[PDB]
Every structure is written in C-alpha cells, then in structure tokens.
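Below you'll find only one chain, the form deposited in one PDB entry, shown as structure tokens.
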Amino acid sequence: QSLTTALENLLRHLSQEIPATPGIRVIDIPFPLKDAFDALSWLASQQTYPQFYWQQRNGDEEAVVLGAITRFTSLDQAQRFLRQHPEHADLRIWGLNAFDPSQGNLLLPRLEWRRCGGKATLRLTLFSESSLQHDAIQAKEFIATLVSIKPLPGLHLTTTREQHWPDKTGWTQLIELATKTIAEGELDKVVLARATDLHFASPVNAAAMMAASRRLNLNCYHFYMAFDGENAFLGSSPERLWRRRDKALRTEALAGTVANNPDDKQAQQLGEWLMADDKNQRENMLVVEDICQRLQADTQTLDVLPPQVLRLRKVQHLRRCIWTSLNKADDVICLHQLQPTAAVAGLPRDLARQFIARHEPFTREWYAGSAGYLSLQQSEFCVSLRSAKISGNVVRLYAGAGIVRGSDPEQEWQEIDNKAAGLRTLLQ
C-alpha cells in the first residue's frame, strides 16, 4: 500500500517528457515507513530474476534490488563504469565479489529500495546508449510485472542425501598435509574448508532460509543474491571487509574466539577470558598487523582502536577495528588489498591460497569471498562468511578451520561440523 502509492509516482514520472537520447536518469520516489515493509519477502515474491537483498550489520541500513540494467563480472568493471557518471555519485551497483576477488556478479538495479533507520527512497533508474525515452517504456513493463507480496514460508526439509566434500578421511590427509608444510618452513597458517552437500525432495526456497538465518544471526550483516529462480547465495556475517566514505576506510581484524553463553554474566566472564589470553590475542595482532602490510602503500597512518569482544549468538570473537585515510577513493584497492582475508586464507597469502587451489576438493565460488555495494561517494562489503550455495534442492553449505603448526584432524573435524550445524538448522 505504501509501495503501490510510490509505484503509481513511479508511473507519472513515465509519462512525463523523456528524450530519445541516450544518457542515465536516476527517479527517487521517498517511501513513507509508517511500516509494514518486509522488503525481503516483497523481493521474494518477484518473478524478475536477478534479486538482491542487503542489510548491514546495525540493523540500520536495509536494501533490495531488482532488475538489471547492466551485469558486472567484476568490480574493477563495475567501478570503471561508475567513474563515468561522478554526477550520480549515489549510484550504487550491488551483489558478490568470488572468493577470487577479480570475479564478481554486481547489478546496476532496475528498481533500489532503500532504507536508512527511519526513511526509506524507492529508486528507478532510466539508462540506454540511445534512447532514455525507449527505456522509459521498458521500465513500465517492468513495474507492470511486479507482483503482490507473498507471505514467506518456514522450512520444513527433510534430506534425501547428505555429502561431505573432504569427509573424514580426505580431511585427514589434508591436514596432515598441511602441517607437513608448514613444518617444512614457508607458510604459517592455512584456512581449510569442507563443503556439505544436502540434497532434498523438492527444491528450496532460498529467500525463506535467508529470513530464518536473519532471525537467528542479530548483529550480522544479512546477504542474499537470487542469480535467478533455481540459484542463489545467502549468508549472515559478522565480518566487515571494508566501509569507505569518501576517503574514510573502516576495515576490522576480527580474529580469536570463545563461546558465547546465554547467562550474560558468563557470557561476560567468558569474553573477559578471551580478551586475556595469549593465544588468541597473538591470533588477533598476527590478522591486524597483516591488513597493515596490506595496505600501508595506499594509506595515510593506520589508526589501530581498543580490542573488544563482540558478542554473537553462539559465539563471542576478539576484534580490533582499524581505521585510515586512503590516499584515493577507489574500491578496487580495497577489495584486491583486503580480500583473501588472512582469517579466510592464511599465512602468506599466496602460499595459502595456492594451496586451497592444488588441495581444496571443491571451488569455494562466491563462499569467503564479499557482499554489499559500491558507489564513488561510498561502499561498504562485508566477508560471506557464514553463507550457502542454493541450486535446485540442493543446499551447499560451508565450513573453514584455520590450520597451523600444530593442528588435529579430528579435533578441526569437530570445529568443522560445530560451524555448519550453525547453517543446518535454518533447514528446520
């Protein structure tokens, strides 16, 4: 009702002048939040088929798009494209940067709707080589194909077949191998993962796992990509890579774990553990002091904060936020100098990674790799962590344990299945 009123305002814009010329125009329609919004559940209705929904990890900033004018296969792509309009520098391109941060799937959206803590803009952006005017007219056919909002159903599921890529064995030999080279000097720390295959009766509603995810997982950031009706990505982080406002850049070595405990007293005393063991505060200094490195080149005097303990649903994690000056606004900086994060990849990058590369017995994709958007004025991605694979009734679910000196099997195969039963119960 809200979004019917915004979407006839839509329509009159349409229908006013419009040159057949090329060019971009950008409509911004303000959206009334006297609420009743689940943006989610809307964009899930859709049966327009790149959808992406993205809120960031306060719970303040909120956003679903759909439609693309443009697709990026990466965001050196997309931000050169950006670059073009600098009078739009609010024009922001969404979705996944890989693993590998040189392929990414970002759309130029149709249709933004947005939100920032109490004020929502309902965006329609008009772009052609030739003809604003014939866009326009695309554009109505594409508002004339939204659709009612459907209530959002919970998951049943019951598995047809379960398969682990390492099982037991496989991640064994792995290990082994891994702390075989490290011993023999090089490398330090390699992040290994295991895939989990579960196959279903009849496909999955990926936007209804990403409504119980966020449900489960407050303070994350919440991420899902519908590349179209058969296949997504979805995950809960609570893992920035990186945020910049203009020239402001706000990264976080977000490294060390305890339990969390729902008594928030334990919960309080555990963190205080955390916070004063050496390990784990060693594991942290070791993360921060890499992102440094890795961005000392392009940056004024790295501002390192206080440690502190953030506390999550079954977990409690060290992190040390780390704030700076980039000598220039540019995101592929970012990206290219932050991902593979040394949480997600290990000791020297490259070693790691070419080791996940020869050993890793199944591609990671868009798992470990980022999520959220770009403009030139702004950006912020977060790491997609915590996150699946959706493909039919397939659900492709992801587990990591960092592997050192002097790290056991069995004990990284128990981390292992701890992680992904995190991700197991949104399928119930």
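Positions refer to the first chain, counted from 1. By rigid core we mean the largest C-alpha set that fits within 1.5 Å across both forms. First, how it differs from the form deposited in another entry.
- Once you line up the core between the two forms, the CA of 280 is the only one from 102, 280, 299, 128 that shifts by 2 Å or more.
- The two forms, fitted on the rigid core, differ between the two forms by 2 Å or more at the CA of residue 11.
- The Cα position of residue 257 differs by 2 Å or more between the two forms after fitting on the rigid core.
- A movement of the C-alpha atom of residue 270 reaching 2 angstroms or beyond is seen between the two forms when the two forms are aligned on their rigid core.
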The other form holds:
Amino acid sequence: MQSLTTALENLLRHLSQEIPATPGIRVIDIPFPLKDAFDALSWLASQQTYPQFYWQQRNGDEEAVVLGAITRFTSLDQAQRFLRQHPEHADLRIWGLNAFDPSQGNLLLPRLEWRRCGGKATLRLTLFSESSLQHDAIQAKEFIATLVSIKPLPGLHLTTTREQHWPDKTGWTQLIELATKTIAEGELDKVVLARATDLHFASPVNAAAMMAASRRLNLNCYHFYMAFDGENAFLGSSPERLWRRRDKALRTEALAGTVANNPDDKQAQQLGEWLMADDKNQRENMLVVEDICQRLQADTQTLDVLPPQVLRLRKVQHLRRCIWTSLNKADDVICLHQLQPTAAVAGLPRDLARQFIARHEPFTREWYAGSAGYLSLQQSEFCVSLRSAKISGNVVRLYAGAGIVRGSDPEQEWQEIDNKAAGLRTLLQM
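Can I get the form deposited in another entry as well, since the one above is the form deposited in one PDB entry?
Left out here are the partners and the other molecules; the chain alone remains.
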C-alpha cells in the first residue's frame, strides 16, 4: 500500500498533464499483492476521509473496501441510470445501501476500491468528471495524499450509559397480540415486527472495531459497514441474500423460520430437525416462497425453488430455500423493486403488512431490513440488512425482528428477537 500509493502518484502526475479537458471516466486497476496478509478493515479504519463502505460476501471469498465518493446516489435506480451511460465499463461497481423503503438508497461511485476474490486483490482508482478528466486527476492526487498508513484497530472498551427497547417487553406483547388478532381477520397473512434497542455508552463507538469483532465471531454471514461520516454508521452481519445477478441468472432465497443455535453440533442438528418439522415455522417460510415467486412471475423465466435447508449461525438457525431463475432483462431495479421488502422482512399481502408496520412500529427502521452490497452492469449482489446496527456518536441502535404468523406466541417471539439481537449485542457488552 506504501508502494501502491507511490505507484498511484507516479501514474497521476503523468495523467494530470496528458488527459484531456473533456468529461468522462478512467478506471485504473493495479494488482494488490496478498503475498503478505492485509487486513482491509483495519486499514479502512485508519483513514480520515468519508464515506467508507466495507463489504464481505457470506462465503468469505469476496471482500471489498471503498473509500471516498466520486458521486453519491440517492437510489439504486439513479445509480443504474449512471452505469448505463457507461456500457464500456461493464464491471464498474457502485456500492452501498438501500433503506427499508427500496426507493431510498445511499450508494457511491468509489474513488478508491480494494476488492479481493480468493487469495488475489486489485486496487481500483477511478477518475470521473462532468467537465474535465484532467481536472479530476488533480483531485485524485489530493485524495491519495489523504491516505494514511495502517494503524492497529483497538478492540471495544465500552461503558454502558443507557438502555431502552422500542417497544419493551410489555409493549411487545400487546403488539404481537394485536398482530395475531389482525391476522385472524383473514386478510393479513403475515407481518414482520421489529424492536430497536438504543444502547448509550460512556464514549463514542468505533463502528469499524464493532465490524471486526462481528467478522471474527459472526461466521457464515455477509458483513456490511457504511461510515456516512466520522460520527455516523450502519453495519451488520447478515445471513441473508436479497439477490445476486450474473447478467440474467438471478439467485434469491426464502429465508425465514428460526430456532436457537447450540454450540454443540448434535444439539444444533436436533434443534434444526425440530425447526424443519415445525408447522408454525414451516408456514413462516412458505409465505416468503409465495411472495417471492409471485413478485418474480412477470419479469423472469423458469423458477426453481429448492427444498428447505437449515442454516446455522452463532446464536440462531434458519430455514432457507434457495431460488434460481433467469431475468427477462439484465436489470437491477427490477430485482430490487420486485424483491424488496420480501415477506421475510415486511410481510404478506405486501400492502397490509407495510401499513401495519407504518402504524404500529414505535420507530423507523430506516436502513434496517433494507439491503447492502453492490451493482454493476455485469453483476450485482445485495444482502438483507438484518443483524444490523445504526451508530450515532455513543448510541448504538440494535435491530431485531420476528415474522408474525398464525400461532405466534409473543413470549417466544421476544426470545427470538433477543437471540437475533445477541449476535451484535454480545460484542458491546462482554
């Protein structure tokens, strides 16, 4: 990175004299040796420029860091319009978030992108201008000059100042009770209802160190972290894919239905068997397959829903049914608007569930249960923003949700959302 800063500089001096004073984009790819292990997260955390986005594939074999926004997008829709004016760079990637409401996003064209696939990495610098590439070359130089060498990343040393649930247990029970009562009206089939837990600390929270702690313990999860700026962040470790797209081949999953994990393998496996056989959870999952299959009918070709599998995580396990289809169009706005929010996350029918949530949830989910990842012309991948946290100075808001369906027992659902909140909370309160 010392060497690559140097190589980037050397490159930039030359370009800033040669490149034309015309609008456009250059993409500069430099191989990034992983001869020596490089901790991208703790590197990113060293930097003083914003915004910053961290993302790791759930399989752990794809990892990215982006630093600085050439452009900011308020929706995936806006980002795709931009990509489509640049068909010549089909692998140009925009990175970041969709909020719970999929029509609002915070996505970036990264100034600097470190991306790893496997045991191999690339540093990409991009130059973009509306007026002059020559111009943006000099901004690029100043950006580089901003770079700071890697410092070690401290573990969290946090003193809890304040705690509050929205809703609390008492309020949760009446809510779940209300929700089941409403489902018993025969029109609403399912609603997913969540709790925000505001945690205040004696000091500001290092979101990057929170992210690292989660990557260390929350295995088999996608990790996403956006630093909006130095005081504000959204991150999490989610087991769930919204979609992945390679040209036209589309992958999604119905992931819904939960039991506790146990550290002991047999017990975990037996608990998973209980889940597979459980009517209530079966139905909780089947309602997602129904929603997803319907939502995708008009815009896709032959659909394959696989049999349910149990997916095992640090504190929780889930039923999961992969889904494969082909899009009619290679279009990420069709993917996001058809899919998000699925009945795993909002409910069914979509309208009645969205309305119930708008009416009775004592907080706005904002980034919670949206989506995180990247799109480019050729491929994209987003996860669902579950198992996630919004950090505001010294407050961490934790989110957890439970799908409500006929037969939901409030006390069991409280226990569910606690097990979900725990994957992140236990990192903050040792």
